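Chemist: Here is what each chain is made of, one letter per residue.
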Amino acid sequence: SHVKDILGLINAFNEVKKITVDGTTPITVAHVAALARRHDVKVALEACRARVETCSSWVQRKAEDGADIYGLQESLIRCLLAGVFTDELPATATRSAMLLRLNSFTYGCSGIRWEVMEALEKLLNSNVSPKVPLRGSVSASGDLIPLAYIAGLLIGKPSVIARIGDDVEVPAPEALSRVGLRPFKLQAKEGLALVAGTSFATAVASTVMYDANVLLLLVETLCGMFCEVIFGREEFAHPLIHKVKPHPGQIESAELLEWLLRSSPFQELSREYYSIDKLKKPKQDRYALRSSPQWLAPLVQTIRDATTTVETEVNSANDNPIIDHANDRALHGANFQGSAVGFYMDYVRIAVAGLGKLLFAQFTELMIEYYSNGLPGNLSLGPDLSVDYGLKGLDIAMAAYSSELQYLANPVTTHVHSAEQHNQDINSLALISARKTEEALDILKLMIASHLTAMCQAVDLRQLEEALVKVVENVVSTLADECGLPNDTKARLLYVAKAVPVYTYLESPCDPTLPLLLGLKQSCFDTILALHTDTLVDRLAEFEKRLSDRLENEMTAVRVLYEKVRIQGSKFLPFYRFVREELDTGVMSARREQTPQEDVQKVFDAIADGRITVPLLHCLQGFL
Amino acid sequence: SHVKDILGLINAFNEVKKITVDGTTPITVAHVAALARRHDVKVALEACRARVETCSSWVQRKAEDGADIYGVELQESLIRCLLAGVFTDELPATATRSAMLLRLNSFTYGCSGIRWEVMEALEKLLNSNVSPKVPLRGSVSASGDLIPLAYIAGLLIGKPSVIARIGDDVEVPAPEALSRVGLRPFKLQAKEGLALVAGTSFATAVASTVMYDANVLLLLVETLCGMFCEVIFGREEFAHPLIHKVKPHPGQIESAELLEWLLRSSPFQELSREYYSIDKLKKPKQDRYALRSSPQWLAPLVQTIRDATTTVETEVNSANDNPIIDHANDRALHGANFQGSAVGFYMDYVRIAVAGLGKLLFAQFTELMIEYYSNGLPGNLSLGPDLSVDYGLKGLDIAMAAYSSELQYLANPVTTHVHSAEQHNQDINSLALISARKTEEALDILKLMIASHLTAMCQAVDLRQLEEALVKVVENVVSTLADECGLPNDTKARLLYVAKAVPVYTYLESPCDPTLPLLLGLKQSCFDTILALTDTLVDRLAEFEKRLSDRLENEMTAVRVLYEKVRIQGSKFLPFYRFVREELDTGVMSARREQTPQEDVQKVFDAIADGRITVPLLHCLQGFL
Amino acid sequence: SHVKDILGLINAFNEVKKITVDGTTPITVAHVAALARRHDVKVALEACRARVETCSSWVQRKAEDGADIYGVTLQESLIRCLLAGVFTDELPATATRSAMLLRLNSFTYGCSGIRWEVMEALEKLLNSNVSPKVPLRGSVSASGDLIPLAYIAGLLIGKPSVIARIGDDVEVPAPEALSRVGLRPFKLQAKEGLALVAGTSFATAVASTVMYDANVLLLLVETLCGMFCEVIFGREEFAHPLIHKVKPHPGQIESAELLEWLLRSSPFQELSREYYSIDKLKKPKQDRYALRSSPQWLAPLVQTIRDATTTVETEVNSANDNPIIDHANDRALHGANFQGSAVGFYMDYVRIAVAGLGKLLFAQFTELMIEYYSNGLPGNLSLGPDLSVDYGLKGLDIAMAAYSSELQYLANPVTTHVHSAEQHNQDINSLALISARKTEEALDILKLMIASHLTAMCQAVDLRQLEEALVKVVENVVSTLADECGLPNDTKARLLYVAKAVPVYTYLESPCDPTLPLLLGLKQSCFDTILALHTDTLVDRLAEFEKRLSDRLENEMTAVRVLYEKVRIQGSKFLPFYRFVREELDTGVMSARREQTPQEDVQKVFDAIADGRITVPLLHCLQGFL
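Protein chains in written order, with full-length UniProt numbering: chain A, 9 to 55, 58 to 81, 100 to 114, 122 to 567, 574 to 605, 618 to 677; chain B, 9 to 55, 58 to 82, 99 to 114, 122 to 566, 574 to 605, 618 to 677; chain C, 9 to 55, 58 to 83, 100 to 114, 122 to 567, 574 to 605, 618 to 677.
It is worth saying that the hints were derived from the structure and are not from the lab.
Certain hints may be false.
Said to hold, decoys possible - Dumping the calculated DSS-like pairs for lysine-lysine here, alpha-carbon to alpha-carbon at most 27 Å:
#1 B:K278 with A:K166
#2 A:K533 with C:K533
#3 A:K315 with C:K427
#4 C:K655 with A:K392
#5 A:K313 with C:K427
#6 C:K315 with A:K586
#7 C:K72 with B:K313
#8 A:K525 with C:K655
#9 C:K72 with B:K316
#10 A:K315 with C:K655
#11 B:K72 with C:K72
#12 A:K586 with C:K427
#13 B:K605 with B:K586
#14 C:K480 with B:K72
#15 C:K315 with A:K315
#16 A:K318 with C:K427
#17 A:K655 with A:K533
#18 C:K655 with C:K480
#19 B:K278 with C:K313
#20 B:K50 with B:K166
#21 A:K315 with C:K316
#22 C:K316 with B:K318
#23 B:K315 with C:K72
#24 C:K278 with B:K72
#25 A:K316 with C:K12
Assemble the whole structure, with the sequences as input and the hints as a guide.
Modeler: Here it is as structure tokens:
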């Protein structure tokens with residue numbers, strides 16, 4: 009299952025202490041992302059040093075012997109320092132690019148001197164990186180302009196500014212000086228080896244793919260939480276449905292969901308709900324839940340396949356010419372053409388838009404009383420709704436997020452211009468595409484943060500609902516006895532207490548126009564008819586007036602007590630405990646001062662910085 | 009002509025000191041951009059005080075009467107629920130202050146029911162450079178820009194969680210920020226929460242600075258087509274008013290008019306004519322489309338940007354909340370003026386027009402870089418002479434492809450992605466703010482493209498003038514050596530024609546190389562002159585060749601070094629050349645000039661971004677009527 | 009108002025008999041669509059002839075004395107290399130004939146140097162219904178619509194490989210077609226190849242019929258917003274002049290002005306006001322955005338479609354070949370009028386606005402289908418009464434999502450995809466014909482959406498009229514039965530309130546089902562009256584009221600409905628539409644008892660939209676508006 013592969017990705021990301029750069033051990037997107045995000049992760053270049063020097067020698071002798079092989101170093105770098113600071124590629128991306136550039140050389144096809152590789156290693160471990168303009172690459176003879184800034188650092192160009200950690204910016208030659216390095220004087224083919232690769236596009240695409248797997252698994256998992264809160268029928272995940280339409284991502288997501296929902300205490304509440312007034316409620320869930328596995332299928336497959344493609348690129352020699360020193364020939368091709376990454380970046384951006392639309396459809400259902408099976412509009416607790424608009428602000432923002440996300444998912448690869456004196460008449464635009472997919476993942480993080488917040492709100496509201504119906508049942512039950520109503524009447528009255536959704540009358544429970552009093556009034560009239574008397578009327582008028590003696594006070598009490618349980622038996626407990634306890638939040642209401650921003654910011658940040666993987670792994674403990 | 013309207017917008021942007029906010033004087037996009045970009049510009053709210063208070067009183071009396079009018099603590103629960111954005122990024126100070134201005138102006142029509150006091154507070158926060166930190170995303174611009182506008186409202190009521198900027202340095206919680214400029218948190222009354230948040234002010238704000246930039250950069254692109262004509266050796270006839278008289282799109286007529294005027298009696302057009310007189314049958318009789326069809330291309334782009342400005346300014350000058358209080362006839366009118374659709378649709382159109390400007394620039398740049406298309410210019414605009422270590426503007430060329438590709442992608446529509454939002458109440462919604470942001474991003478790229486193009490054309494100006502001086506040196510050396518060696522009058526004329534005809538950039542790298550076009554051209558003539566007419577003729581022709589390779593390279597080198605250490621002086625585009633070269637302190641690009649292309653183009657880009665580029669533009673255009 | 013301008017366009021389309029091609033009288037998009045769609049309309053080329063010949067002879071003079079002028083001083103080799111299309122699909126005869134008109138018209142300015150005799154042959158081919166079969170693709174509309182226009186030239190010179198249509202079935206090689214209409218193949222003179230192939234006539238032809246339809250459908254959509262207001266129980270206040278005065282986008286003012294006028298004396302707005310006065314506090318105080326913000330939404334759409342109309346007409350009335358022959362001053366001028374960019378960009382914009390029109394329609398239709406949003410109407414506009422076998426307009430609802438989705442997809446721009454073309458000579462090119470074609474496909478879909486929307490609203494009128502009648506029956510049955518059982522005034526007034534208040538479509542399926550809202554509300558009031566008047576006698580009479588209700592009430596609801604199946620619309624400005632759809636097209640309220648499928652009903656409406664008949668009830672509806 010892709011579920012276990014993604015868990016393995018998350019574990020490797022968390023665990024790794026050293027990245028082995030050796031020309032043989034694959035670097036994964038978890039490693040790239042760990043190097044980028046955890047500064048205690050260090051690069052360890054292993055002395058492959060043999061084939062690197064052989065290659066280097068072959069090129070360096072074909073220069074002393076003055077052979078003539080096509081593919100002065102500073103003039104290439106000078107013409108490529110052609111970006112403009114409007122915005123810039125971040126340090127995480129630049130350091131990622133440095134690693135991929137370093138790695139590309141280990142295969143001994145590039146001809147760069149080993150010491151330059153050592154210099155890359157040192158700069159990475161020292162947190163030194165050049166400041167690199169955002170735009171300029173068409174990713175075809177490589178990410179020429181942006182990679183030119185890394186080469187510019189290595190030769191100590193004064194106009195290239197370098198970061199050292201988060202606070203220090205110094206000109207290139209001073210940055211080299213501070214790490215015990217001297218400017219390089221570039222040798223034959225070395226300018227081309229540094230600039231003509233796919234390392235920047237592939238860097239962005241690596242952090243993008245790592246993020247895509249994590250958010251994918253997170254969205255898939257949270258479909259189970261959605262089922263629980265919406266009162267879904269878990270049967271949509273039944274293995275047979277998916278065995279007869281056997282898209283691997285359809286089987287595998289359904290598999291996880293069947294497992295997440297199997298012994299669910301909310302599924303138990305769902306069953307009791309559809310048993311009451313059975314033939315007046317929907318027989319099936321709406322599509323955002325019920326067809327989630329079918330929806331997820333191509334998205335899982337796209338994100339998994341793109342990961343393979345990007346990792347192949349991470350582990351490639353991607354400059355030109357390729358030096359076949361063994362056979363004494365320089366090979367003229369175009370491994371710097373980033374099309375594998377470019378095309379898949381367009382595809383993943385479409386899959387991410389599809390994940391966003393799934394979230395938006397689910398969130399929409401949750402906000403609307405007609406579609407939420409008992410939950411209040413906007414997940415508003417009230418009880419006073421005139422001053423509690425609940426999650427309406429987050430609802431509007433989810434439309435804002437989905438709309439921009441769908442716009443972002445138009446392709447970049449369809450916009451190929453005939454470039455560089457028509458030499459690059461096809462070019463991948465991989466870095467541009469990767470940037471747009473990254474931007475699309477930023478918006479999906481917002482949507483996840485919002486969706487999880489809303490579901491924790493719904494958990495609270497479902498737990499509060501169950502306790503409120505119990506209060507009502509007890510108040511009706513005991514008052515019925517005290518007024519001396521017959522058992523016919525008592526049971527009829529109790530059915531109403533059970534059946535009427537509590538959020539439809541919580542605002543003013545004893546309001547004669549609201550659904551509780553309406554149901555009791557019709558039951559009182561049917562009792563009079565079934566039993567016919575003047576005494577029965579006395580006790581029924583007594584029952585009704587004595588409703589506003591106790592009911593409201595007891596509903597308020599059990600509520601206020603909740604503000605100051619089924620989730621404990623649910624596989625999503627870790628998520629709820631993380632958002633409520635660890636992040637320090639509570640059921641949203643007019644009485645809680647925190648804005649939706651404050652609550653959702655906490656969840657968003659935990660998604661951003663990877664803390665959310667903790668409750669996620671917890672939740673999936675034992676899944677095989 | 010749109011040319012004078014844009015010049016009017018630029019003059020207004022530079023001159024304005026105070027923006028009059030009174031409910032009758034129009035705010036234009038130039039006013040919005042000046043408030044945003046020049047802090048010396050202050051807000052002047054004029055005591058319209060009468061109509062605002064009347065409306066405020068109506069609303070308040072109707073609530074105090076306990077009357078039941080819909081949309082008229100209730101107010102603070104609205105703000106609370108809308109403080110719902112997330113910091114990932123933010124709308125910048127310039128957009129937020131722009132919005133604050135637009136929000137203030139909308140109240141001045143007295144339809145909103147906000148108190149005058151709150152308005153005075155807005156005025157003072159503006160002039161005191163105070164503005165809330167606002168999350169980038171969350172608005173669908175339909176019941177207004179509810180989320181981002183809530184942050185302005187949050188500041189006004191002293192919400193502790195709303196962070197506020199004071200200048201570029203200071204950041205403090207909203208209550209403290211109100212304190213520091215002598216204000217107290219407001220307690221909001223009937224309809225005031227809704228008046229503050231339910232507007233189109235953020236999208237319209239971004240769209241105002243977007244439209245200002247679109248106007249300036251449009252005029253800049255049109256004008257620079259004239260510069261392109263000069264350096265590329267174009268035929269100015271493409272601009273002849275008769276061509277456009279019979280295909281009369283106003284933008285076509287007006288762009289052609291500007292171009293005819295810029296190119297009339299151009300000293301560069303004189304070199305162009307000379308050039309096409311030598312080897313006429315071997316050279317194109319018409320320019321390529323990126324020059325020759327420029328007025329036809331510009332026409333819809335001009336009209337789109339002009340019409341969009343009008344639509345955006347209409348929005349700037351609107352009451353855009355709900356209900357609209359008709360205090361005079363005692364009704365709250367229920368509509369949807371907060372629906373930002375006019376701005377949203379036009380932002381999509383303007384983004385397509387901006388993409389069209391980018392494609393025009395890309396195509397022109399491409400021609401200029403390629404020797405086959407540049408009518409004598411060296412590939413990549415490399416001076417060399419040694420091309421093995423000078424790749425000229427090849428990096429800028431690649432980047433222009435990168436810029437255009439992303440520009441074209443950005444130009445897909447946002448308005449086609451309407452979701453059924455807010456419990457299906459907002460089943461249509463404009464997405465204006467999102468569209469405005471994308472068009473803004475598209476203009477960022479256009480600026481990069483304009484900066485590169487201008488830098489490249491200044492390079493080509495230098496290369497054209499150098500070319501003229503180089504060819505005259507080659508003629509003079511050929512003439513004086515033909516005399517010295519005692520060559521026949523026929524031989525002399527035939528050799529001097531070759532010196533005139535051969536493009537000098539085809540042999541600059543090694544002028545006396547026998548395999549390069551000058552020597553090939555002279556060798557053909559030499560054989561021809563021998564046929565028309574002996575051993576002593578061969579003798580003098582070998583002496584010619586010999587003495588050529590003693591003298592020619594040195595005199596070429598000398599005149600080049602002198603240039604490095618003129619027709620542009622009579623060009624309408626001198627202000628641009630003088631600006632880039634002198635004011636910005638640059639020179640002809642080559643291996644000998646240490647500064648990178650980044651350093652040069654950056655200077656140009658910054659001058660476009662900060663407005664300095666308008667100075668040479670206005671100078672260039674002086675007298676055009 | 010743009011409304012008058014569009015009404016002018018429709019009147020012109022209808023009443024034009026001859027198109028004056030003279031080089032001074034403007035051809036409008038109505039004239040182009042008239043020519044394409046009404047074969048009785050003839051071209052009248054009015055001898058203009060003098061300048062054509064002056065230009066012609068100037069070109070021929072230079073050919074004689076051997077002057078040398080680029081682009082003028100061969101043709102059959104140009105035509106040959108441009109006959110490079112492939113039949114996969123073709124440009125329709127209507128597009129080709131429109132292109133022939135525009136090419137003819139372009140020549141009338143005397144700037145092209147084409148022979149008057151070639152012009153007369155164009156007129157004759159037009160009036161005789163001859164046109165070449167033209168492949169669909171190949172134009173980038175930059176040095177003109179070169180490939181498709183080559184097929185017009187190929188017809189004129191009698192290229193055998195060029196197949197010509199004559200009317201709807203007849204297809205003959207070009208020599209045969211010319212011979213059937215009394216013409217002979219031309220031998221092209223200097224500059225005539227270019228005159229013919231190097232123009233913008235194809236893109237601008239598709240764009241002309243595109244703009245005529247955009248104008249008509251726009252007005253139709255605007256008008257039907259009022260009909261939507263009527264059937265959905267909207268508040269007409271959204272259209273009030275002061276709202277739009279303070280946000281004065283010209284299209285916002287004018288759309289709302291139209292709507293205020295359509296709704297001013299509405300008998301449906303009267304039912305609406307009455308509806309909101311019952312349970313005022315439980316029902317929404319404002320309409321949803323697809324109605325309430327329709328003026329703000331329509332504003333940019335109105336303005337796009339009108340400005341785009343101007344641009345396309347400017348192009349219809351242009352000389353758009355090259356070089357531009359300035360015979361007066363003995364010069365050929367070298368430019369690029371064949372660059373179709375004015376039309377290309379505006380086609381992209383109009384496609385987006387059409388998508389915005391479709392989205393407006395989709396959101397309206399959506400509200401209409403959902404009982405939560407439709408203020409009394411049944412889900413899916415199902416009449417029933419048995420809803421288990423009547424799913425109503427659910428098919429059309431699904432279809433509307435499909436329509437809107439494909440439409441939004443089509444509205445991406447074409448002009449952002451400019452390639453460097455023709456040996457990099459055409460390094461900018463307009464792609465105008467491609468864009469026009471996509472905007473045309475977008476309009477095809479909008480037509481589908483309008484057809485469905487109008488059909489749904491006619492269904493809703495019927496349901497609303499039945500609703501008023503049904504509630505009256507219920508009130509009467511309750512009022513009479515209260516009397517027959519001697520119920521007190523307290524009881525009678527509570528019971529009659531429930532009869533007026535409960536939406537009839539929530540219980541129509543089984544009016545006496547005790548779990549449905551009529552009986553629920555009746556039981557509630559009965560308990561309330563037993564308490565208020567507090574007895575064994577009252578209970579006796581309330582039980583007899585209930586038993587008599589389930590004997591008589593349903594029978595009388597069925598009778599009134601069965602009668603309806605075998618009024619407020621009569622006072623409504625939308626009567627012409629309703630009358631058009633029900634009587635003229637011969638349709639009826641939709642249900643399980645009506646045999647015709649939703650397909651058969653909507654086809655009829657769509658066909659009337661597609662062939663222009665829908666403009667009759669449209670023009671009738673708008674009579675009086677100034």
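Chemist: Quickly compare the C-alpha distance for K655 (chain A) and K533 (chain A) to 27 Å and report which way the hint goes.
Modeler: violated (37 Å)
Chemist: Hint check: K315 (chain C) vs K586 (chain A), CA-CA at most 27 Å. Holds or violated?
Modeler: holds (24 Å)
Chemist: Take a quick look at whether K315 (chain A) and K427 (chain C) sit within 27 Å of each other, Cα to Cα.
Modeler: holds (20 Å)
Chemist: CA of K278 (chain B) to CA of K313 (chain C), is that 27 Å or under?
Modeler: violated (63 Å)
Chemist: Hey, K586 (chain A) versus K427 (chain C), does the alpha-carbon distance stay inside 27 Å?
Modeler: violated (46 Å)
Chemist: Verify the proposed pairing of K72 (chain C) with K313 (chain B), using a straight-line Cα cut of 27 Å.
Modeler: Between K72 (chain C) and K313 (chain B) the Cα gap is close to 20 Å, so the pair holds against 27 Å.
Chemist: Take a quick look at whether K318 (chain A) and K427 (chain C) sit within 27 Å of each other, Cα to Cα.
Modeler: holds (18 Å)
Chemist: Within a Cα-Cα threshold of 27 Å, do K316 (chain C) and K318 (chain B) meet the stated pairing?
Modeler: violated (74 Å)
Chemist: Against the 27 Å threshold, does the CA-CA distance of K50 (chain B) and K166 (chain B) hold or violate the hint?
Modeler: Distance ~21 Å between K50 (chain B) and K166 (chain B) Cα, so the pair holds.
Chemist: Run the distance test for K72 (chain C) versus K316 (chain B): straight-line Cα separation, threshold 27 Å.
Modeler: At roughly 22 Å apart (the allowed maximum being 27 Å), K316 (chain B) and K72 (chain C) satisfy the hint.
Chemist: Under the criterion that the straight-line Cα-Cα distance not exceed 27 Å, is the pair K315 (chain A), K316 (chain C) satisfied?
Modeler: Answer holds: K315 (chain A) to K316 (chain C) is near 23 Å, not above 27 Å.
Chemist: What's the verdict on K480 (chain C) and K72 (chain B), does the C-alpha distance respect the 27 Å limit or exceed it?
Modeler: violated (47 Å)
When held up to the earlier numbered hints, the structure conflicts with 1, 2, 4, 8, 10, 11, 12, 13, 14, 17, 19, 22, 25 and fits the remainder.
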